[PDB]
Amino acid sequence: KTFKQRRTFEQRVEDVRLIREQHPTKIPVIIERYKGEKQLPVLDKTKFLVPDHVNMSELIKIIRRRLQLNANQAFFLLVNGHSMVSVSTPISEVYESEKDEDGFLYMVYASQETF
């Protein structure tokens, strides 16, 4: 069902290396709905190429636009399994400290802060 489950470690590594070659300015991001999640919809895809200069605050705005949320629906984003310490950090910096061993940056969203 989940991305890590659908693709072998070897396959995720090779795909990160292709994005390096073909989209060298992009951060490879996996974005997944919390398996408990009731309110928010699922995204139309799993794998996102994010411009390495956007900060986490702008990535939250991007995802909320992709879900076509309205102003008072709540949205919480975990990165590498934990809360974001700050939304002002550029994604190139967040990537270097929170990337997985396969080379993707893993995110999960929910309407509850209690995931």
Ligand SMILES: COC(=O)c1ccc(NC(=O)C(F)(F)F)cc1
Given for the second form:
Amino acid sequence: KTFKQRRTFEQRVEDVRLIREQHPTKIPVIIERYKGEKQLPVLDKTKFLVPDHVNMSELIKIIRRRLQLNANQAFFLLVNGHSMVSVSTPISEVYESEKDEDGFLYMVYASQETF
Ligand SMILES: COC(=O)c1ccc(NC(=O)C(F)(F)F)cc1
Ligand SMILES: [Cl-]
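Alternative state: the form solved in complex with the ligand, after the form solved without the ligand:
Up next: the whole complex, starting with the chain shown before.
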């Protein structure tokens, strides 16, 4: 079901190495619905190439636009399994501290803060 489950550590590593060589200015992001989630829809895809200059506040806005949410639907975004300390951090900086050993940046969303 989940991305890590579908692809071998070997395959996730190689894909990240390709994105480096074909989309060098992009952060390779895995974005996934919380397995519990009842309310929000599933995304049309899993793997996103995010411009390395957008901050986390703008990435939340992008995903809310991609889910076509409305103003008063709740949305929470975990990064590397935990809460974002700050939405104003640039995704280039977030990547350098929160990336996985395979080289993706893993995110999970829900309507509840309690995942
Ligand atoms: C130079 O701009 C692009 O080609 C480009 C890159 C990524 C995305 N999409 C997202 O950030 C996503 F996936 F989170 F919605 C949209 C356009
Ligand atoms: Cl690029």
